[PDB]
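Student: Please build the complete structure, drawing on both the sequences and the hints.
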Amino acid sequence: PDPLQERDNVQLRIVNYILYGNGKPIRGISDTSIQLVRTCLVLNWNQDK
Amino acid sequence: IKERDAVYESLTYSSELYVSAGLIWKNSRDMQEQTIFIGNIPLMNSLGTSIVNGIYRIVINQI
Numbered sequence: 795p796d797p798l799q800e801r802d803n804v805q806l807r808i809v810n811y812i813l814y815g816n817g818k819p820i821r822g823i824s825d826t827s828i829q830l831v832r833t834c835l836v837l838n839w840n841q842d843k
Numbered sequence: 064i065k066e067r068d069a070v071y072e073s074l075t076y077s078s079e080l081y082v083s084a085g086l087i088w089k090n091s092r093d094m095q096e097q098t099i100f101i102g103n104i105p106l107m108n109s110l111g112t113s114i115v116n117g118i119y120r121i122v123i124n125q126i
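If you read the sequences in order, they're chains c and B.
Counting from 795, one number per residue, gives the positions in the first sequence under the entry's author numbering.
Counting from 64, one number per residue, gives the positions in the second sequence under the entry's author numbering.
I should point out that these hints are in silico values taken from the structure, not numbers from a laboratory.
Ideal Cβ positions, reconstructed from N, Cα and C, are used throughout, including at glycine.
Don't take each hint at face value.
When the alpha-carbon atoms are kept at most 25 Å apart in a straight line, the in silico SDA-like pairs for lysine to any residue are as follows [to be verified]: (1) 818/c / 90/B; (2) 89/B / 820/c; (3) 818/c / 93/B; (4) 89/B / 806/c; (5) 818/c / 91/B; (6) 65/B / 119/B; (7) 65/B / 126/B; (8) 818/c / 92/B; (9) 65/B / 125/B; (10) 89/B / 823/c; (11) 818/c / 85/B; (12) 65/B / 99/B; (13) 818/c / 833/c; (14) 65/B / 104/B; (15) 818/c / 87/B; (16) 89/B / 801/c; (17) 89/B / 832/c; (18) 818/c / 88/B; (19) 89/B / 797/c; (20) 89/B / 824/c; (21) 89/B / 809/c; (22) 65/B / 115/B; (23) 89/B / 843/c; (24) 818/c / 86/B; (25) 89/B / 795/c; (26) 818/c / 95/B.
Some chain c residues close to chain B (C-beta under 10 Å, calculated; not the full set) [claimed, not checked]: (27) 813; (28) 820; (29) 821; (30) 839; (31) 843.
Tutor: Listed below in structure tokens is the structure:
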């Protein structure tokens, strides 16, 4: 983070979606625990209307 | 098989295509990968013929 930054076209956004679908529970492995909530980051150029 | 044998036993001289694929069963949510043998594609001798079922075959051009 810096005190001076200039406006730029690139638009970094983060999308966090549920792993499995609602209402359907998948089998859980004994060795590896399930990941209830996950997060991801996506890079999309700003788009003119 | 070698080309000569193919003519002797009435076979077709060909080549095998193996390609990789993965299926995620809708229920499973896990990945299995193998290379499937899709099939056989015929091969040409330099002279330009193909041996198919024991017969020398040639493909003509069209205008």
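Student: If a hint holds in the structure, say so; if it does not, say that too.
Tutor: Structure-based check of all given hints:
| no. | hint | in the structure |
| --- | --- | --- |
| 1 | 818/c / 90/B | 9 Å, holds |
| 2 | 89/B / 820/c | 11 Å, holds |
| 3 | 818/c / 93/B | 15 Å, holds |
| 4 | 89/B / 806/c | 31 Å, violated |
| 5 | 818/c / 91/B | 12 Å, holds |
| 6 | 65/B / 119/B | 15 Å, holds |
| 7 | 65/B / 126/B | 35 Å, violated |
| 8 | 818/c / 92/B | 12 Å, holds |
| 9 | 65/B / 125/B | 31 Å, violated |
| 10 | 89/B / 823/c | 17 Å, holds |
| 11 | 818/c / 85/B | 23 Å, holds |
| 12 | 65/B / 99/B | 24 Å, holds |
| 13 | 818/c / 833/c | 20 Å, holds |
| 14 | 65/B / 104/B | 15 Å, holds |
| 15 | 818/c / 87/B | 16 Å, holds |
| 16 | 89/B / 801/c | 44 Å, violated |
| 17 | 89/B / 832/c | 20 Å, holds |
| 18 | 818/c / 88/B | 14 Å, holds |
| 19 | 89/B / 797/c | 49 Å, violated |
| 20 | 89/B / 824/c | 21 Å, holds |
| 21 | 89/B / 809/c | 23 Å, holds |
| 22 | 65/B / 115/B | 13 Å, holds |
| 23 | 89/B / 843/c | 37 Å, violated |
| 24 | 818/c / 86/B | 20 Å, holds |
| 25 | 89/B / 795/c | 43 Å, violated |
| 26 | 818/c / 95/B | 22 Å, holds |
| 27 | 813 | 8 Å, holds |
| 28 | 820 | 6 Å, holds |
| 29 | 821 | 9 Å, holds |
| 30 | 839 | 30 Å, violated |
| 31 | 843 | 37 Å, violated |
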